[PDB]
Structures are given as C-alpha cells and as structure tokens.
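Presented below, as structure tokens, is a lone chain in the form solved without this ligand.
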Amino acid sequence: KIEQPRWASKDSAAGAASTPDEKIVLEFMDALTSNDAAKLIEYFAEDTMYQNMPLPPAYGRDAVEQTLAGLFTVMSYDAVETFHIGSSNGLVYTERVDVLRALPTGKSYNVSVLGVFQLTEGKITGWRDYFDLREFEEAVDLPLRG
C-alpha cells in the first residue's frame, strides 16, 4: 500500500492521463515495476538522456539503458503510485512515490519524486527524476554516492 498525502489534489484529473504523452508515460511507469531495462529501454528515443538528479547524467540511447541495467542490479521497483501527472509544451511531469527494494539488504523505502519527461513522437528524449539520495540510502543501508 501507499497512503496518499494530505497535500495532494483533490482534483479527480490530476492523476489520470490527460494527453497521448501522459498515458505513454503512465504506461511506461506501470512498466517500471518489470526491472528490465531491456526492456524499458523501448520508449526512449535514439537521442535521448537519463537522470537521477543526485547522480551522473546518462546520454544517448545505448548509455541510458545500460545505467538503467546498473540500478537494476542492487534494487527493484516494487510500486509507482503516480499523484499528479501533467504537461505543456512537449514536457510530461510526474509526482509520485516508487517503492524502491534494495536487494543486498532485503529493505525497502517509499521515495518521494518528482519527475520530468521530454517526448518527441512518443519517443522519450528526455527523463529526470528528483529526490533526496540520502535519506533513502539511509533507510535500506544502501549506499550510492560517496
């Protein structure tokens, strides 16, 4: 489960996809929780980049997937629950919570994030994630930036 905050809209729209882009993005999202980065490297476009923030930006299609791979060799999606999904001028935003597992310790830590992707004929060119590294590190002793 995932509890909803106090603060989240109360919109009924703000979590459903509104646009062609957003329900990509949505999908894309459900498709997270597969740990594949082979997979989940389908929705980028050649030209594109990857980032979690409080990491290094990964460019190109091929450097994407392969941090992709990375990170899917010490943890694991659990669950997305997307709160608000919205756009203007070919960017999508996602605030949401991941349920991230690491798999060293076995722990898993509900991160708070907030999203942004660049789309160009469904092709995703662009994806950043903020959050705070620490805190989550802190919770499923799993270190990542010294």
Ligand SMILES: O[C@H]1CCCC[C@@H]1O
Contents of the next structure:
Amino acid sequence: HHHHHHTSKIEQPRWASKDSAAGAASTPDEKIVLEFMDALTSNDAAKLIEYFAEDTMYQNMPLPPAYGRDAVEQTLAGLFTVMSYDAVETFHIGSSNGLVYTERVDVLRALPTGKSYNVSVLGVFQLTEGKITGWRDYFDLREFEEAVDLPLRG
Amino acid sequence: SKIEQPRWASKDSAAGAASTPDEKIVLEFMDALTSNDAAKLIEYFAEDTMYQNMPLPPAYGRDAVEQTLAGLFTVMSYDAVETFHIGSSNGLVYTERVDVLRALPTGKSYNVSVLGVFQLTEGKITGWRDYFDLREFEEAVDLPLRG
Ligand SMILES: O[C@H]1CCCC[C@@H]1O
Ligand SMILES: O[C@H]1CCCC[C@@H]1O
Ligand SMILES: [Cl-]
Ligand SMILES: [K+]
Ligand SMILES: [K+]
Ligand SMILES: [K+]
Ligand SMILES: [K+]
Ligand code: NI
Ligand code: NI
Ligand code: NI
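Next up, the form deposited with this ligand bound. The previous block was the form solved without this ligand.
And the full complex, kicking off with our chain again.
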C-alpha cells in the first residue's frame, strides 16, 4: 500500500485561447460531450456506458480499441480498476460532421501506486442521435506510466 | 505503403473534406509537410505562434518553431499524411489523421495515429499541437527521441 500522493493541479497553458467560448458548448452534441466528461470523475462504468450506442467504439490510441457497447464497458471497467479520474479539464471543444473535439487535461490517480498525474489529451467524439458511436483519446502512454509507476501496455 | 481507412472513420463523405477557409489552409499545410522543408512550412505561421508534438517540449515563437521543425527533419521525413476527420470552432481546427513517417538513420517506416489542433489568426497558424504516442514510433523504426 502507498498513500495518495499530492495531486498537482492544472496548469492553464500559454496556448489556451482566452476566448472563453472556445471551451464552451455550442451544439447539443457538444453539450452532451461536456456532460460526459463531467461524468468521468465519477469513475463509474455503469454511469458512463449509458452515453453510448450499441454500435459504438472506444480507444485510448496507445491501447487496443473496444468495438461494441459490450466491449467498451469491459475496457472502461478494466481501466477503473487501476486508475481513477480526479478531474477533467477541457480547454477547447468543437464540432463538425458528427465529430466533437476536446482538448483536455485529465487528472488521474494510479490506484496501486497512489501516484497522481495530469495528462494532456486531445479526444474526438462521434455522436448519432445524442449517442456516442465512437470515442478516441490521443496522448503519450509512456510518460503517464512512468509518472505513476503503472505499466499499462501489454 | 498506403493507408487503410479504419472501421471507425466517419463515412460522412464530407467529414474529411475542408469545410471553411481555415480548414483549407491546414489541409494545404500538410501537403507541404511531405516537402520536409522547415523553411517552407514556417510560411504558414504567424510570429506569435507555438508548436508542440506533445510528447516533446513546446516550441514558442516562430524561429523556435522553424528550428524545431528543421531539427526534426534531420532525423526523419514524412512520406504521406492522410486526414480522416477535419472540423473547427472558435478559430481552432482539429484533424484526425495518419502520418506515414520514415526514420533517416534506420530507413524503417511507421504509420502514426495523430490528432492535432491548430489555432489560426488571419490565415496564419498561431498554435499547432499534435497528440500521439511517442514510444510505439521509436520502437517501430528504432529511433529514440525521448531518452
Ligand atoms: O485520458 C486518458 C488517460 C489514461 C487512460 C484513460 C484516459 O481517458
Ligand atoms: O506527426 C508527428 C509524428 C512524429 C513526430 C513529429 C510529427 O509531426
Ligand atoms: Cl464503428
Ligand atoms: K502563443
Ligand atoms: K466551443
Ligand atoms: K463547426
Ligand atoms: K469536414
Ligand atoms: Ni509495491
Ligand atoms: Ni509510499
Ligand atoms: Ni506526496
């Protein structure tokens, strides 16, 4: 067992547009996505999975995709066993053609190690009738792993 | 040596097409990338810009950006950049794409899954940030970039 380490709080980057609309909802889809982000910090897969279509998809890119609502829940749940969302901060959101884009920092705690880390993520969401048909997050896995002693690949 | 379109790519035939003047530019900026000319690419940038491949430190200012590009270009070159999804809002443009990248010391290639954001002011880039996993690139082409 290891104590919860300090949770370093979130830098507001120099490149963060200070047009305060850039990080604000503008479509019903965008509104949904932002709401979904807020749900992450609940670390509850049953809460999250309701946002998804049956015919959906989910992938942290340095990690294998989950195809199908059933696969996605397993992946989500799997993740929630070694890590936990403390905070999700979306600097920029935007949409087009059914896709929504979020520039974020996620604040995560590796459960086994108790270590915390702030992750630069750019995610894309696909919606269809208010339901997530795809969710893909882009980030660098090695530096999260190293930061919190949690080898996640393989 | 091609790029297969992944089963999750929007079949919306507009999704990957440039939709606004800012998105036309970004799409052009990336054909320009296969030139692998830092001197040319910097044309698209404003003086008050920044550039970061997020696994690597940011480059602030146009001269930094150019140099960091030039440096990158010493060890690698693009061969292709296919863009599946493109969209925008509030002067930011997002691209989901695949960069085929070749390592100059080893000759080995790797297709990189990328999601990038661009900030434009009056048709000039004032921010370009690519999100991707660095490790699987290195491991693929045997070219370390973050010791
Ligand atoms: O932001 C990412 C980082 C860690 C894996 C899941 C999360 O969605
Ligand atoms: O697309 C990325 C992948 C390799 C590092 C630089 C490039 O911009
Ligand atoms: Cl799909
Ligand atoms: K700047
Ligand atoms: K917005
Ligand atoms: K839009
Ligand atoms: K488009
Ligand atoms: Ni231990
Ligand atoms: Ni301890
Ligand atoms: Ni501590």
